[PDB]
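S.K.: This is what each chain is made of:
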Amino acid sequence: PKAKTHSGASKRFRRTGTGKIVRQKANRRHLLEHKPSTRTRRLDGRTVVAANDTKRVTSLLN
Amino acid sequence: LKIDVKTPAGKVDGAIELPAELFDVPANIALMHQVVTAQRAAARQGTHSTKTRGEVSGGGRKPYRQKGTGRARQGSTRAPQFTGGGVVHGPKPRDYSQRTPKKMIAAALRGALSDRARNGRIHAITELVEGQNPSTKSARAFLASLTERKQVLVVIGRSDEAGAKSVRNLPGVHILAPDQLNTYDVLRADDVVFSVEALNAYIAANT
Amino acid sequence: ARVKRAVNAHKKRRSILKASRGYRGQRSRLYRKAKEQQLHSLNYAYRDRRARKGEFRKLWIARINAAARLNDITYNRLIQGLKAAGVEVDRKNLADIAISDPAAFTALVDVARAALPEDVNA
Amino acid sequence: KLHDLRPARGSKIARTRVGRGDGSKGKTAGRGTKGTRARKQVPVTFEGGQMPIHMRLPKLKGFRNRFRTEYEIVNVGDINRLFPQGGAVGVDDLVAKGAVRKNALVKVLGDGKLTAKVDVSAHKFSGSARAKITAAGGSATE
RNA sequence: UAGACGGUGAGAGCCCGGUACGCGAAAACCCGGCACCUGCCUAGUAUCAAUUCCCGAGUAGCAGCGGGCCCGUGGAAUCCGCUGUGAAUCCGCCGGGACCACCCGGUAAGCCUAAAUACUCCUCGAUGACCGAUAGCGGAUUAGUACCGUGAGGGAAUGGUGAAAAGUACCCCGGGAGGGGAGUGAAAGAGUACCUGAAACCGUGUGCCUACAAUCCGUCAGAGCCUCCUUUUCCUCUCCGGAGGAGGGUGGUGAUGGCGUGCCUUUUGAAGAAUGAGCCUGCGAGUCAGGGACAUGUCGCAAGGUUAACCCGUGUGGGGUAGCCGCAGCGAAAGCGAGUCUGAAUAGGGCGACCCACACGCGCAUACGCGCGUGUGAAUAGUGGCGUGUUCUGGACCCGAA
RNA sequence: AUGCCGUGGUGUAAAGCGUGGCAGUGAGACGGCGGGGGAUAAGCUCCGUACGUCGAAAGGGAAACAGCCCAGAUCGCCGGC
RNA sequence: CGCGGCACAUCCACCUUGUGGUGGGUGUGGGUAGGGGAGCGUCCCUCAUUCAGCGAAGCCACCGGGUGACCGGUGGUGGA
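Chains as they are written, first to last, in the entry's author numbering: chain 3, 2 to 63; chain E, 9 to 215; chain Q, 2 to 123; chain L, 4 to 145.
Keep in mind that the hints were calculated from the coordinates and are not lab data. Yeah, the Cβ is synthetic: ideal placement off N, Cα and C, and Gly gets one too. Don't take each hint at face value.
[Unchecked claim] Chain 3 regions said to be covered by chain L (calculated; three or more residues, Cβ under 8 angstroms):
1. 3-17
2. 20-28
3. 31-45
With these hints in hand, go ahead and build the complete structure from the sequences.
M.R.: This is the structure in structure tokens:
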């Protein structure tokens with residue numbers, strides 16, 4: 002009767018001004034001693050969703 | 009573009025200039041098709057009922073247990089495949105109507121009217137009465153003398169003295185007020201009859 | 002709108018049985034049993050037209066052999082000779098000649114014998 | 004008339020009846036397997052064996068304010084082409100043209116060459132908007 | 001102002017019952033006008049001071065264990081109930097999301113309150129792009145009957161003669177039933193076992209094959225008989241015919257030879273000694289609601305488009321801008337804004353801008369194209385409706401567990 | 001030796017790549033060539049090969065025969081190689 | 001290979017020189033799950049047209065027809 006949006010998807014993915022979806026990488030909240038600042042630079046940012054699963058995600062958010 | 013017919017029990021009256029809405033419109037049959045189909049769809053009542061499992065009495069018993077019977081996996085006596093059973097994916101009472109844009113409806117209607125006008129099928133009248141009382145006989149003679157066709161659509165307005173009375177009992181003749189002017193009727197009827205008052209209100213409404 | 006699907010069934014049903022006449026037992030009486038047999042019948046016809054072609058070749062060849070051996074020559078040498086002469090004549094009508102006119106057949110044999118080179122050397 | 008009336012080519016594609024034989028689609032005609040799919044449509048969320056991508060990934064940082072008084076946008080270039088004559092500008096005129104939503108305050112962009120010398124009745128102009136407005140010779144309100 | 005359905009011996013405006021339309025109430029009863037009847041009121045308004053008193057008591061609030069509120073005890077508001085403690089009467093009290101202060105709104109702990117709204121066992125009228133007797137409720141027929149069960153409960157199948165009964169008088173077989181001859185009837189190919197009368201099935205007659213031969217039971221070759229039939233020697237009996245025969249050709253039978261391991265399901269793999277089907281008839285499984293969502297074809301408009309609810313109106317037409325998507329995005333947000341963010345700066349980098357076959361003026365360049373204004377017409381769009389395919393939630397392709 | 005990445009010519013209706021929509025498969029067997037487990041074993045079993053075939057491919061031949069050999073049926077022909 | 005008939009892509013020339021078709025040539029055309037495209041038939045509604053108690057539908061047989069899902073015609077039964 003009326004759609005629902007997967008909440009966790011809405012709380013993890015952000016649609017941009019155009020047809021793209023980004024992921025906040027944050028494998029950096031538990032343990033950070035052995036991880037160098039280099040690896041944290043690699044993880045830091047909001048990368049684009051891989052095209053091997055955008056076709057699923059867009060229906061998860063819509 | 010600007011033509012009128014004679015008057016019943018009189019001479020001639022009219023001479024009203026018609027705008028482009030009733031003549032210079034290149035009507036699109038896909039549009040007209042969509043609108044008309046929507047109309048016949050909405051006219052359907054949606055009483056197409058049925059009855060299935062859960063509405064049929066009984067059938068909760070599960071006889072003929074699942075081993076040593078030599079029988080099928082029954083499970084219920086009112087299941088589809090058993091006679092006296094329910095219906096699968098049956099005609100549930102759909103209430104439906106193809107809701108469309110006002111622009112599409114209006115364009116289709118003025119398009120069809122412009123086709124009738126281009127083909128010389130407009131009969132603009134001033135009134136239709138032997139003064140006050142109705143006369144099926146008189147209207148029959150007048151309309152049969154003017155249009156010479158079977159199917160006629162009449163537009164009068166809220167005037168029941170003879171406008172909405174003489175036309176009854178006339179196979180193929182329908183009558184309505186402008187505000188209820190659909191397209192199915194117009195496309196069906198050839199010789200479309202309009203009252204002066206009908207054109208005045210209609211044209212004014214459509215500028 | 003209940004449609005009562007019988008008519009659509011009856012069309013192909015009777016259409017099949019009237020073509021099924023001639024089979025034995027239930028094969029010419031029951032739809033579901035007749036249908037199966039026609040599947041195999043038509044596959045058989047499908048391959049058997051091709052077989053028919055080949056079998057007729059074999060019968061024609063055999064009869065040619067008989068006439069040739071009555072004329073003291075084998076099929077191998079007969080055909081080789083006809084090729085050397087250039088006699089582009091089929092085996093079908095060659096056999097018909099071999100029956101309705103042995104004399105002309107023998108004449109063709111003499112042509113082939115003349116056309117053969119000499120022996121089994123080259 | 005109706006006996007001529009027909010539809011446009013390309014619409015009204017035939018409904019695909021599925022379980023109606025082998026010549027059309029098949030005996031299973033779509034659920035062409037024997038696992039779960041032959042009985043049930045599978046949750047798109049559920050992967051099947053591993054931690055879903057939702058749980059796997061981190062929660063997107065940040066929050067949403069309740070008191071986010073969002074303003075609408077009026078592009079000064081759009082003002083240029085909409086009102087080359089100048090004359091008068093205001094909320095009512097912009098919504099009368101339909102370039103901006105109603106019942107809300109509007110900001111002005113620095114996007115576009117403005118030549119029409121006209122005062123603008125609006126709120127929260129950007130610095131570039133004021134520079135363009137006074138370069139043409141108009142004036143901002145508030 | 002009667003063409004609504006229906007009935008009447010085959011399809012009725014004018015044959016009928018009826019409809020349109022217009023009449024019609026002793027007695028009862030709902031609403032409604034009037035009278036009686038009933039009932040409230042011998043003014044508290046204006047002004048001022050605030051020393052006095054009141055303004056809902058085992059109540060609120062607080063603490064404890066819970067419900068429910070988007071809100072699962074979390075920092076947990078307000079509301080409700082339970083147990084102990086237990087306030088105030090306007091300089092008061094409650095609330096405004098722990099909480100304090102200021103500000104604001106309002107005065108709980110007594111009661112009554114029509115309208116908009118929900119449902120139709122049941123009673124008139126009406127419709128139906130709903131079935132038409134294995135369907136519709138199970139119930140058109142002795143129906144919740146018969147019947148099953150100690151019982152709670154379960155829970156069947158059976159419609160059609162013909163317009164009219166005109167129901168085959170009479171006669172003959174026969175114990176009768178039943179049949180026959182007459183006869184009614186348009187028809188008995190309409191006889192209570194009755195419109196049409198399918199298929200499996202049983203049976204009679206008849207053309208062909210068959211008792212020395214092994215194969216999913218056929219196909220292809222294919223002899224010779226039999227039915228039918230054209231041309232023709234000929235029967236010249238010929239103003240008749242095809243008798244017969246040759247030859248030719250439809251439709252059967254098919255001697256005899258070759259060839260060939262049944263369908264489906266499921267399986268790496270099947271004719272199966274792997275499963276299911278005795279045969280026929282009927283029924284039986286991918287559909288529907290939602291201004292759902294992604295993509296698509298096509299059709300309206302055109303930086304727009306679109307209305308929902310509800311109103312008016314009669315065939316589903318016109319209104320109705322509240323609202324939604326698009327229109328500028330980035331950023332956690334403030335806030336900034338064609339940039340923005342991180343950041344000391346950002347040189348860099350993340351999201352999004354603007355891609356020229358190119359002229360005028362002009363920096364750059366031998367030529368090749370970069371750029372600011374105007375332009376050789378330079379690059380352009382969503383939205384709404386109807387179908388298609390998919391999908392979410394709805395029993396969701398269907399049947400069946402314990 | 002093969003095999004693989006990349007480049008420059010040549011040849012081939014065309015395959016490929018990226019981008020969206022809708023499915024299946026996600027148990028594989030045998031044979032040829034190289035390998036481990038097993039005994040120098042098995043119609044055994046686990047891998048590899050831009051090796052095929054069956055699977056999903058009828059036909060010929062191997063007596064009959066899914067997997068080997070040849071050979072990839074549009075349909076018809078009482079035509080040839 | 002030969003002799004002939006259909007079909008999809010493509011090349012060429014014409015009709016709107018791909019709306020969609022017309023004429024010729026090359027290559028192509030085994031195929032399950034499965035994707036795509038175009039189709040056959042039944043019942044109902046609307047519009048137009050139209051046969052029908054001088055015999056409709058359904059059913060039986062017969063002769064023909066299309067590349068297919070199938071069709072038409074003739075005769076009989078029956079009677080809307």
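S.K.: Could you check the structure against the hints above and give me the numbers of any it violates, in ascending order?
M.R.: 3
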